[PDB]
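So the chains spell out like this:
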Amino acid sequence: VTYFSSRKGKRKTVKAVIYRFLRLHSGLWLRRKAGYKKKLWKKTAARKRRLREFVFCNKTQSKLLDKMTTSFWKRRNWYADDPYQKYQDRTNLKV
Amino acid sequence: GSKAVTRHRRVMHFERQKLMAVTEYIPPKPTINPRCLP
Amino acid sequence: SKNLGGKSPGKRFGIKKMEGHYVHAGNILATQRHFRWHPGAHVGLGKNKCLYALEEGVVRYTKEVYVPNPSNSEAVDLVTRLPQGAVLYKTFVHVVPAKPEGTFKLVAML
Amino acid sequence: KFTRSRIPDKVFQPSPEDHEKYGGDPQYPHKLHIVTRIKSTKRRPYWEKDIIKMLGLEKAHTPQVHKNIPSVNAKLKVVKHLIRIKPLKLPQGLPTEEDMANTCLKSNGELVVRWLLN
Amino acid sequence: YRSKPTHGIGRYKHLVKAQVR
Amino acid sequence: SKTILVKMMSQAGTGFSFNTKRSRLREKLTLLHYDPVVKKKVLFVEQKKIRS
Amino acid sequence: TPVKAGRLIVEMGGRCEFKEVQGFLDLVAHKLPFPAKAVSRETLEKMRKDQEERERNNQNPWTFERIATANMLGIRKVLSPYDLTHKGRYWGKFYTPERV
Amino acid sequence: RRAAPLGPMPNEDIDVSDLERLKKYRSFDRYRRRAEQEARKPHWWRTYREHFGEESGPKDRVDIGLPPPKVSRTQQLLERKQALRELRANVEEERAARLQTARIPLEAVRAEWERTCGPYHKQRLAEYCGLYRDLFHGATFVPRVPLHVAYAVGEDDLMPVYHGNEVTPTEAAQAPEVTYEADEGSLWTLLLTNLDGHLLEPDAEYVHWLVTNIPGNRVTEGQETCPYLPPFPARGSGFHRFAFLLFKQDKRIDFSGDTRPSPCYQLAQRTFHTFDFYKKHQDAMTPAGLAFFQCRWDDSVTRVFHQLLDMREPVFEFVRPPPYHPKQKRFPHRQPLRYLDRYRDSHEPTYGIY
RNA sequence: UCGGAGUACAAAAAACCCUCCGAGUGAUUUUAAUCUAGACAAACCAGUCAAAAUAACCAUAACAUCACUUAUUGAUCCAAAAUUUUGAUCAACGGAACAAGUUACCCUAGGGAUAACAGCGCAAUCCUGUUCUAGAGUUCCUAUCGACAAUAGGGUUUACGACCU
RNA sequence: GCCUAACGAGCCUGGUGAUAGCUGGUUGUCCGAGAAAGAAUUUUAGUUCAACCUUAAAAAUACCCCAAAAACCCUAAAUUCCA
Ligand SMILES: Nc1nc2c(ncn2[C@@H]2O[C@H](COP(=O)(O)O)[C@@H](O)[C@H]2O)c(=O)[nH]1
Ligand SMILES: [Mg+2]
Ligand SMILES: [Mg+2]
Ligand SMILES: [Mg+2]
Ligand SMILES: [Mg+2]
Ligand SMILES: [Mg+2]
Ligand SMILES: [Mg+2]
Ligand SMILES: [Mg+2]
Ligand SMILES: [Mg+2]
Ligand SMILES: [Mg+2]
Ligand SMILES: [Mg+2]
Ligand SMILES: [Mg+2]
Ligand SMILES: [Mg+2]
Ligand SMILES: [Mg+2]
Ligand SMILES: [Mg+2]
Ligand SMILES: [Mg+2]
Ligand SMILES: [Mg+2]
Ligand SMILES: [Mg+2]
Ligand SMILES: [Mg+2]
Ligand SMILES: [Mg+2]
Ligand SMILES: [Mg+2]
Ligand SMILES: [Mg+2]
Ligand SMILES: [Mg+2]
Ligand SMILES: [Mg+2]
Ligand SMILES: [Mg+2]
Ligand SMILES: [Mg+2]
Ligand SMILES: [Mg+2]
Ligand SMILES: [Mg+2]
Ligand SMILES: [Mg+2]
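Protein chains in written order, with PDB author numbering: chain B8, 94 to 188; chain BJ, 29 to 66; chain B0, 39 to 148; chain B3, 35 to 152; chain Bk, 48 to 66, 77 to 78; chain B6, 13 to 64; chain BQ, 152 to 251; chain Bb, 27 to 380.
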């Protein structure tokens, strides 16, 4: 990660994280299961469902992705017909 | 580090030595020798 | 050398919930490789011989008689070869349900 | 492997001679334990360290009063090799609220309520 | 369990033995 | 005895394919599978060979 | 062949006395690796009763069995789990019959 | 570490040695019979019944009822053996049995069952339905005398009320006919009790028809303390139990506290406790007949609630406990995207400040 | 790389160039779906179960079955597919897209974390004494030896360890 | 081999503050708490997680834990779960 760029001196971001991850405004990150497109004929239906299902990331990976991504991707986003707009926020978090 | 069973008598830990010395057998000694007691 | 492939991590096959533990539906009570604990009341049996509670309640372990399925040829043969006074005994895991099924609440006084 | 030690119940079955040897009442048991820590918890297992910590015996040679209930007797049996235990004696009865500041604990194991009268 | 009083309640291999002069 | 990986599609008109392991020395594969597009018991026939 | 303490190696019988068999068995016992003796039924019984009498009339109140079973002084930290059964008489492969 | 068993082990009786000289059972049915025979014994280890409610095991049930009929056992056995021998001597019956074409007079079978062993079956089913668990709380009786209760649906339609039957309020709107055999020297009391349906008190039950001082069989000429009230169960909570209890009494009992008015449309007055009732009339009354049936909600209950009782119809529903969910974590690990939907208050987008 | 047994005796985990079995698949039809509570296991990636509800067959089961059934398998990216899939003894098996030898002509940064010499630990090996008598010695165990065996001592050789450099 | 006193490839300048998981050093006082290793890795001279630990903040249960309970040929010291 480039903490200080050469042209503008800002902090760059890695494109792999934005290509294979999605950040919700609540701080959670969204990702796909590894191996969900490899050798589907060799796997059970339940295993295939688990592979196809979306999963979250814990605190360590979330902090790593936050460090590796710029604050532009942490903004509040109001897309038209956004499927994840309902998941953007958090409710009933007794902490 | 030696095995549990050895040939060199396995010199013992000091507290176990003290335990053995304390628990050594003590024969009963009568007050008067019965040899040439009546 | 001559002995290869002997390294393999343990599969954590054991008993998860003991007697008196309050569990919910779907909680895996125990997992095993061979049939050590048999499911009893309100305990299902997964295809990998794991035991999971079907109802929410208190886990119990009981010694009970063993009456095998008539279709299981090996167990049937063992049963017929058993002597006249022998009865097989096994250890079964049960879940005693604590929550009632439901309550009759008033909706509308029409 | 070195683990905790189970003590059989035969150890705590007192003999008829033990009562007059140790000056105990064979028929009424005493009420309170005066417990003092003699040895250190160094070179001793962590569970024994925890038992000594929860018994309030951090400072050695300082007595502490405890009940005579089996709940604390279990821990006393666990760490019985590190402590001296005596029965609390009350020759002059329980101290009332007017004798709280004039009490003392004589080393023989008794609690005097009227100490240093004038 | 081994330390429980109910140990060996499921012992059945001694009831069937299935492994002239 | 080598197996064969064959991709079989539905005969219900809808495009629905799935892969199956088969024996090389057997005939053309034809089974009764379940089609979720039409939600029916559908005859599935062999069309492609993917892997040996 | 592993042999423990107290196990017979060669057992003899016949219409002879004990003196001659002991005389020509003591050499074999000595040449054996472990210490051994040429005993008889009467000699073995006599020794077992002598050991019983010694461990019953032992004078000191403190014994290895009592201390090990009661965990006096926290001695199980130094001791081994097999000492609860050995009662301080067996240490490794060596057995001392005079240690009660 | 080994521990001594607390009692006899199950398979410690048979000898392990010389198994070939010990007889075996070769029938899975025989093994099943033996296993079920052993499973009912009070074992010293933790069994299934103790954890799943054998209802306190043995219970010394207080018997409040008439003595059993004293029958000469020897003569009864002789007559039964003679009747069996006479039936066996017939050849046509044997031919029918061989040819598998034989019928049974079910009416006579039912009559004989009611006469000899019907009371015990009725008593055990009333145990199973919990009549004594709520009427006397500690006492079971044997319904010695029969009790045939029948509702009239019209001119030619009669609905019987057997032990545990289902009769709708449309069928039970009118007063039923009760028949039982009794000489013209005794007095009887009939009491129709609703065990379930009291809105306020769970430990109380309703009265629908209480008639006392019945001379012999004639129930109409006996004075009715409480007039008949058609059943009124709730729409949601269905299958209430209604029990006709028949008591035999000796003295001419008169009571002014349990007397009910002719309208008797007040549920406050229509609140009963059979325990206290039998405590009050324990000297003379002794229960001898019982007939209970189930009743659910139909369209006729609304009329009873509105016109007769002058109240709105209460409607219930079998609500289920909410599903259990664990504490929501700040960072769920490997949980599905739908993890946030399990704790959503409502399926409505909420804009805080926008 | 993966699985089974003992080590690891009784909840779980637990290593060695520790002692043994195997696996890198075959055969058959019941061709084995979608969605979702709650749990096992786990650093992560992965792996496991699964109640209720829906589509098609009894209008009563569907976990595909068997071979000790446990292992029979591979992540991104990228290529070929065309609507939905596949592609590696990537076997160094958490896998760099594709890279061999020799240097006594050698160089640099370090290591007594690691060898050759010495020292040191042990005594497998080596050397000593004594205990035991069958046998040799014309008779006779011990004048001179003494096989199968026992106990104890020394640290000269090699081996073992890798503690000082 | 020799190519200006060091040549398996000269010397100077520049890239150059080359790069080093490798070695050495790292400058005032006092006080509080305080860690010896499970998993991957051209990896075991290092990194990245987990388990510990430090500074803050929310809560409520946390260790000791009697019964009872945890497998089938034999199996010890004893373990897990809870008043
Ligand atoms: N066969 C195969 N090659 C792959 C894969 N991923 C990357 N590659 C690379 O793609 C290239 C294929 O070239 P090929 O070996 O077919 O001539 C190789 O450099 C290979 O390492 C894969 O998943 N499968
Ligand atoms: Mg050691
Ligand atoms: Mg293993
Ligand atoms: Mg391992
Ligand atoms: Mg010797
Ligand atoms: Mg009779
Ligand atoms: Mg877990
Ligand atoms: Mg289902
Ligand atoms: Mg590698
Ligand atoms: Mg690797
Ligand atoms: Mg791995
Ligand atoms: Mg040369
Ligand atoms: Mg150098
Ligand atoms: Mg070194
Ligand atoms: Mg080292
Ligand atoms: Mg060397
Ligand atoms: Mg050396
Ligand atoms: Mg030196
Ligand atoms: Mg050596
Ligand atoms: Mg030596
Ligand atoms: Mg000779
Ligand atoms: Mg070392
Ligand atoms: Mg030069
Ligand atoms: Mg540098
Ligand atoms: Mg390194
Ligand atoms: Mg400090
Ligand atoms: Mg330290
Ligand atoms: Mg306990
Ligand atoms: Mg607790």
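Honestly, the hints are just simulated from the structure, not real lab data. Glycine included, every Cβ here is placed at the ideal spot set by N, Cα and C. Don't take each hint at face value.
[As the list claims (entries may be wrong)] One side of the interface only, derived from the structure: several residues of chain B6 facing chain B8 at Cβ under 10 Å: (1) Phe30; (2) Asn31; (3) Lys33; (4) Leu37; (5) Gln59; (6) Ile62; (7) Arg63.
[What the hints assert, rightly or not] According to the in silico footprint, chain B0 covers these stretches of chain Bb (three or more CB under 8 Å from chain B0): (8) 98–109; (9) 284–298; (10) 337–347.
Hint by hint, here is what the structure shows:
1. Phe30: Because about 8 Å separates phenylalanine 30 (chain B6) from the closest Cβ in chain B8, which is inside the 10 Å limit, the hint holds.
2. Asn31: 4 Å, holds
3. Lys33: 7 Å, holds
4. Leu37: Since the shortest Cβ distance to chain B8 is 20 Å, the answer is violated.
5. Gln59: With Cβ-Cβ at 15 Å, over 10 Å, it is violated.
6. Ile62: 9 Å, holds
7. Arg63: Status holds, d = 9 Å.
8. 98–109: violated (count 0)
9. 284–298: violated (count 0)
10. 337–347: holds (count 10)
The structure fails to meet hints 4, 5, 8, 9 from the earlier list, while all remaining hints are met.
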